[PDB]
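Fit chains B, C, D, E, F, G, H and I to the known structure of chain A by using the hints.
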Amino acid sequence: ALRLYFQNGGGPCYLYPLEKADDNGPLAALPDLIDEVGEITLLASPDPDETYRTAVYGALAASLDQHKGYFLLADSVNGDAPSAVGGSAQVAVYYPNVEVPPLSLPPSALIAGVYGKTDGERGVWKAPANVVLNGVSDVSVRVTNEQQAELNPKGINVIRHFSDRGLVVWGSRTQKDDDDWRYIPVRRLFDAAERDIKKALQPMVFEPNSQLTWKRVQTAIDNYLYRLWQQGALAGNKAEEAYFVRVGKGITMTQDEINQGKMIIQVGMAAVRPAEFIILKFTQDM
Amino acid sequence: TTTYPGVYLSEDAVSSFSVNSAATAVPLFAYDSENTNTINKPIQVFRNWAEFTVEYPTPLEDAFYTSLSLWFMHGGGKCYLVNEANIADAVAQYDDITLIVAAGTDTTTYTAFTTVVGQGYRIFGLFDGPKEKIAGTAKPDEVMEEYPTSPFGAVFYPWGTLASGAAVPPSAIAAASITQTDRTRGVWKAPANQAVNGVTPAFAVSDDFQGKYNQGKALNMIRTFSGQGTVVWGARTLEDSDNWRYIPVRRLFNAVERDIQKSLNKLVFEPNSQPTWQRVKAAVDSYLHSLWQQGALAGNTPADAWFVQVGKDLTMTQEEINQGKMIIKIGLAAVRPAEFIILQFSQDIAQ
Amino acid sequence: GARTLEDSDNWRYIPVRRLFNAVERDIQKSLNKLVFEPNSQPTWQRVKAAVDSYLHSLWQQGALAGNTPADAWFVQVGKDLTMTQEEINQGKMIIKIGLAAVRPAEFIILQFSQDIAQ
Amino acid sequence: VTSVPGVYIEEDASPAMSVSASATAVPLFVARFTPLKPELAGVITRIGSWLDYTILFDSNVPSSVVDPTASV
Amino acid sequence: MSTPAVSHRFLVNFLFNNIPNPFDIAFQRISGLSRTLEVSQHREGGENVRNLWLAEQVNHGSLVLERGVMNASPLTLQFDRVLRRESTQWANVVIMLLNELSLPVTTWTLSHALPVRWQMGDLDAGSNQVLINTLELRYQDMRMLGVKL
Amino acid sequence: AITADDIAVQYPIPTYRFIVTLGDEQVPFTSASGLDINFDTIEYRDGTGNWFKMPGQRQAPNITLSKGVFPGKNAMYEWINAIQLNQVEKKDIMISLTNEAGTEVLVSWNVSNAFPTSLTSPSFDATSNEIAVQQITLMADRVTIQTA
Amino acid sequence: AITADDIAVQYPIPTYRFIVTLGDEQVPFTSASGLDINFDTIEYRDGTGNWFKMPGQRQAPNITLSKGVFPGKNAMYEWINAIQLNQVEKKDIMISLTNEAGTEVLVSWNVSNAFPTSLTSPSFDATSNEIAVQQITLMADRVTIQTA
Amino acid sequence: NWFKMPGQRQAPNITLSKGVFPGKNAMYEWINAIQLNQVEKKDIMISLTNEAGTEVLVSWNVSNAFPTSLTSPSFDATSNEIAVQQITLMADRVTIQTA
Amino acid sequence: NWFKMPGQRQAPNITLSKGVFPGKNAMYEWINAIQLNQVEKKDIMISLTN
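Which chain is which? The protein sequence lines are A, B, C, D, E, F, G, H and I, in order.
In terms of UniProt numbering, the first sequence is residues 114 to 214, 265 to 449.
Position one of the second sequence corresponds to residue 4 (UniProt numbering), numbered consecutively onward.
Position one of the third sequence corresponds to residue 237 (UniProt numbering), numbered consecutively onward.
In terms of UniProt numbering, the fourth sequence is residues 4 to 67, 106 to 113.
Position one of the fifth sequence corresponds to residue 1 (UniProt numbering), numbered consecutively onward.
Position one of the sixth sequence corresponds to residue 2 (UniProt numbering), numbered consecutively onward.
Position one of the seventh sequence corresponds to residue 2 (UniProt numbering), numbered consecutively onward.
Position one of the eighth sequence corresponds to residue 51 (UniProt numbering), numbered consecutively onward.
Position one of the ninth sequence corresponds to residue 51 (UniProt numbering), numbered consecutively onward.
Errors might be hidden in some of the hints.
As the list claims (entries may be wrong) - Some chain F residues close to chain A (C-beta under 10 Å, calculated; not the full set):
#, residue
1, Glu-101
2, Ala-102
3, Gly-103
4, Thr-104
What the hints assert, rightly or not - No more than 30 Å apart at the CA atoms, straight line, and that leaves these computed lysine-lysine pairs for DSSO-like:
#, chain 1, residue 1, chain 2, residue 2
5, H, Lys-91, F, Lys-68
6, B, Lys-328, D, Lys-40
7, H, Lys-92, F, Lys-74
8, A, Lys-362, H, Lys-92
Worth flagging that the hints you see were computed from the coordinates, not collected in a lab.
Note that CB positions come from ideal geometry on N, CA and C, so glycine has one too.
Next up, chain A with everything else stripped away, as it sits in the complex:
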C-alpha cells in the first residue's frame, strides 16, 4: 500500500505500526501521539481487514471535531459510511476496493497519494476527482451509474472505471450534507488556510496586547489572503468580495477580554464550488 502511495504522489508519510486490532492500549494513546507531531493533515488507514479499521476510525473520531485540521479518508465496506464517523465534514469515504496483481487493497493509500499530486499541481481549492490512478489495474466491484445515484447524495466518492482513461477517482463530497461544507476542495481550502495563518501568527504570541500588535496581526493575515486570491483560490472579482479581516477594540473585542490577555480576529473567505453536472440537451431543429 505504500508503494502505491509513492507511485501516485509521495510525501513525508508518517507511519504508525499497529499490529493487531483489539489492543485498546495503543489505540487509546494514538490521538495524543498525533498532536505531538506538528504536521499530520490526512489520516487514511490502509488496511484490508474490516474490524481493524473500525477500531481505528472510532479512536480517531473524537479528534476530528477539535479544530485541529485533520481529514479522515475512510473506506466503505458495501456502500455506506463506516458509522464511526457519520456526518462530520472532516471525512471522505471511498467505496471500491482496488485490486493489485490479485490482492484487494482499500483505496485510502492511493487517494492520499492523489491529494498530494493535485495540491502540488493545482492547489487545495481544486477538486481531487479526475486523477487517473497509477499502478493498479482494476477495481473489485464495477460500479454502475444507478447505484452511484443513491451513493453520491452521501459522501461515498466512487472509484469508477472508464475504458479510454482507466481508473478515475470520481466524486469530491464529504460526509456533511450542509450547503457550506459539502465538497472536499471547499473544506480542505479552509483547513489549509487556517493552518497557514496559525503558523504565521505564532511569532506574534506573547507580544504586548496593544493596538500596534493588532495591526501587525491584521496585515499578516491580509497579506496571506491576498496571495490566495491572486492565484485563484478565493471566489472574488474585487478582493473586497473575496475576504475580510477585522480586529479592534470596539469591534470583535471588549475591554474585559484584553485584560485577560487575548485578541479576537474575524476572518472570512469565499470559495468557488466545482461543476459536477453537465447536461447536454441535444436537438436537430434549427
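Leaving out everything else, chains B, C, D, E, F, G, H and I in the frame of chain A:
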C-alpha cells in the same frame, strides 16, 4: 510442446481471421439462459477469433457460435457474450458497448433493451424476425407486436442458412454489415447495401412483400441480388417519425453524444465559471467542425450544420449554477439517405 | 543453440547475458574517468547523462527492445531515490540502471493445411 | 434528477435564444400571458431573457379555433 | 482518415543461393518500382470516334539502389562475382517501409533479381561528399503486399 | 462619469492579460504570436478586359509561444521529444484574453490541431540579467475566434 | 514573506550562471547559444479537401560557444587543429544552469556528438578596450534536456 | 473616439535610511544573503503612530520587499554628522490600511 | 544512421588597415607588383604583445 531449437511441422492447422475492427461497433451478443454448451461465466470478453476458439474449440451449430464466427470473419473487434439475464447490467458496467445484438433471443432481451434505453446508455439494438415463414395474409401489426416502439432498434426478418448447414440469426447478418460500413464509409452511412459473405437468406423475399413491412415498425429485409450477394435491404428503425427514422441518423447521434461526453468527462469537477463554459463550447465546436468536413453533417456552411450554445441567460440560470449544473445545448443537422429511386421512362418509335 | 547454464526468465539466452556484460563493462570504462570527483549533486548529473548518452546510441542500433526511449532504458540517481546521506559520507554513489534486451526467436512452427482440388 | 457526477444527454431540446442589453428601449407588453404560479397575476414582472419567460410563464399553452399568441 | 506513408524508412532483405545467411543492407536511395501493361491501339474501319486498346504483356521496371562506399558487405562481394562472370546467381529481395513503431506497412517482394550494373561516384578534389556507388538489378516478377497497398 | 461596467462593454482590450489552455491543461506563457488567417489569390484576364479576382485556399498557421525556464519539469520538451517519425500528440490550443481576476474570458482564439516543429534553448550569456526563455513554434490547420 | 527555499522551486532561472562540461573537462565560457530542436514538415492535399500535416525529420544543431583568450594553452584550438580529413575526437557537451556557489545543477542541456566546424580569431583594434574573444561553432546530432 | 485606460501597475522602489550603531548590522546581514535568486523577502509596515508609540493612525504596507542597494556613509574629516546607511528595496504591492 | 564528418577547410581572408603616412606606401608596392599570376607571398605573424 517445443523442446528442440529447430522448426516444428504441425498439421492440425485451422482457420484464422485478421481483425479489422471499428471503434464505433462494440456489440453485445446475448446467448440464451437455458443453453447447455456455454461456459458458466455469464459475461466474457472476446477480442479476436483466436481468443474465441481457445474457449470454444469445437465448431458448434448454435445461435451464439454462428453469430460470433460470422462476426469475426468480417473484421470485428472486441465483443461480449452476455447471458440474457445480465444484459441490463453488462451495458451499465462495461462502458464500451454500442450494439445489443439479439443472437436468436426473444422477450427477455426486449425487456432489458427497454430498461437501458430508459436509463440512457446510447446503445442500438438489433433484434430478430420470425424464424418461420411469414405468410402474406399475416398483417404487419400482429407480427410486429413483440418489438419495442423505441427508435433504438431494428428487426431484420430473414434468417440465414450458412454454408456449413447452420442457421445464422439475422441480427448477426446485420451486425456484420455494420462493421464493414463503420470502416469504409462511417457511422453516418447506412449499413444496408454492404454485402456480407458466407451467408445465404433462408427465404426469397419479394419487394411487394417489403412494402407492407416498411412503414410503421420497419421489418428491414435481408435480400440477395445478382451481383451484390445477400445485402441487408433497409435502414429504418422501430419508429416512423421525421427525426428518428433511418438507422444512420440515430447511430450518428449516438456516436456524437458519446464522443462529446468522452471529451467533456475530462472537464468535470472544474470550477463552474464562465472560463470553463468557454472551454466546453470550443471543445464541441472543434469536434463538430472535423465531423462536418468529412461529410457527416448536412450544410454548405458551418452556421447551417451545427450550433453550440451556453450562457447565463441563454441555457441556465444562476439558481441552477449553484447546484453544480452546466447546461450546454447542441443542435446539428444530419444527412438523410436516399431510399426510393423513380425511373420515369418515355419512348416513341422512329422519333 | 544459444542458451546458458540456467533456465530462468532473465538469464536464459547467451545474447541477453553477453549484452549486459558489454553494457556493464562499457559503462564502467566511461565512469572510471569520474572516480575521485567530488561526491556532489553536479557529479551525479554528469554520471546519468554519460549513461543516457551511451544507452541512446545502443537503442538506435537495435540492441534494446522498445519503440520509445522511456520503454528501453532508465537511469536513476538521487538523494532520496538511490542513496542516503549516511551513505554519501562513505564515498558511495549508487546509480540504478534498468534496460530491456531483445530476446531471440527459438522455435518456428509451420502450421499446414491442404485440401485436394479446392 | 441529476445524481451521478458524469455527463447527461437529452435529445429533444429546443434551441435557446440570445438577449441583448439596452437602456433606451424597455417595453411593457400587455397581452394574455398565462402564469404558472398565480402570485404574478396582476403585477408587472421583469423577464430578462427567454429562459426567464419559460420558468415564470407557461410557454406552450395548447390551443383549442382560438390560438394563444402571447408567447409567440 | 489514416495518415499517408512517408518515404524515408525502409529495410531491404536479400536471399541468394550462394550465400547461406539472409542479409539485410541499409541503402540511401531506392529508386522506384514501375509496372506497365503495354497496350496497343487498333484502328477499325467504320469507327472513327472511339479507341480500342488491346492488352499484351506486363513490363516490370528495374531496382536501382544507392549507398555509400562502406565496408565489404555480402552484396557488394556478390555483384563483384556476377560482374566478373563467376556466378549468375540471383536473389529474392524483400523491401518494406516501417511506421512509427516498427511495423511493416507495405512490402514489395521482388523475385529472381539479377545484378546488372555497378556505377561509381565521382572523385573530385574539391567536393565535400561521400563516395556513393549505384547498384542496379533486373528481376522477373514483383508482388506487393502489406496493409498500405 | 463613465462607470467602469461601461468600460467592460465599450473600451478595447489590452494584450497583457491572457491565458493559454494547451490540450487538457493551462501553461503560463510570456508571449504568443502568429495566429493569422491568410489566403492565396487566383486571377484571370481575357482580351476584352475582364479581370476576375478570387480568394485562393488558406495556408496553415505558424504559432509562436514563449515562456521561461522553471526548476520543475519542462512540459514543452516532453511534447517535442515524443516525435516518432510521423507521430505527435496533436493538441487544441485556446488563447483567451481574460479579465484581471482571471474569472471572465473576453475573446479567445482557437488553434485546432497543433504540433511542435521547433524549440529554441535560452541564450546563455555571462553578462546578462535576463530570464532563461524558451520559445516553441507550432503548426496547425485552422484558427478560429469565438467572441464570448 | 517568501522564504527563498520557495524561490528555488517557484521562481524562474537566470541565464548568467552556467557551466560547460566539454568531454572530460570543464572550460569557462562567456556565451553559449544554438541548442535548438528543429523539425521539418511533410504535407499532403487531395481533391476532396483533406490536408494532412506531419512532422518531418529533425535537422542537426549548430552550437556556438565563445570564451576569452588566456595566456595558457588554447584548448579550443587543439581540438580543431586535429582534423584529419574525416576524423575528429567527437565530444559530448553538458551546459548546466547552476546555482550561485556552483554546488547544484538546476537544468542542463546535453549535446551528444559535437565536433568543431569553425573557430574565429579576435578582432584586433588599436582603439578598443575589449577582451580577445574567440568563438567556436560546433555541429552535433541531438540535443536533450534533463531536468534535475 | 479617444480611449484612455489604466495600464498595469509597476513595482515600487522604497528607500530607507538609518544610522550606523556599534553593534551588529542587520541590513548588511540581509543584503549579504543573496545567492543568485535567493533572498528572504520581508513584509514592510510603516505606520504613523501616536507619540507614545502604541497605536497606529494610518499605515503603508509593502508586500514582498528585498534589498537592491546599500550605500555606505560619506566619510569626511571636516564634518559633524552621523554615519547613515541608505538601503533601497524593491517590492510588488503597496497597501494603505487606515485605522 | 546519420553520419556527420568535417569537410575540407577553406582559405582565410585577412583584413589589415593602417593610416596613410608621408613616406612610401609599403602596402602599395606589394599589390602593384602583381604580374598575372605572380606575387611575393609573405608569412604574417600577428602577436598580442605586452
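Exercise for the section: Go through the hint on F/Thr-104 and say holds or violated, using the shortest Cβ distance to chain A against 10 Å. Expected result: Interface hint status for F/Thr-104: holds (6 Å vs cutoff 10 Å).
Practice task
Below or equal to 30 Å on CA atoms is what counts here, so check B/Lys-328 against D/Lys-40.
Solution key: This hinted pair holds, its Cα atoms lying about 24 Å apart.
Problem - Hint validity - F/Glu-101 Cβ closer than 10 Å to any chain A Cβ - result: Interface hint status for F/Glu-101: holds (8 Å vs cutoff 10 Å).
Problem - 30 Å Cα cutoff - pair H/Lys-92, F/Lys-74 - result: Satisfied, since the Cα-Cα distance of roughly 29 Å is no more than 30 Å.
Handout entry: Hinted contact F/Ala-102 with chain A - closest CB pair below 10 Å
Key = holds, 5 Å
Problem - Hint status (Cβ of F/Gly-103 to nearest Cβ of chain A, threshold 10 Å) - result: holds, 6 Å
Exercise for the section: Given the hint that H/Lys-91 pairs with F/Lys-68, test it: the Cα-Cα distance must not exceed 30 Å. Expected result: Holds, at roughly 24 Å.
Practice task
Sort out whether H/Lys-92 lies within 30 Å of A/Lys-362, counting only the CA atoms.
Solution key: holds, 16 Å
Consistency note: the structure conflicts with none of the earlier hints.
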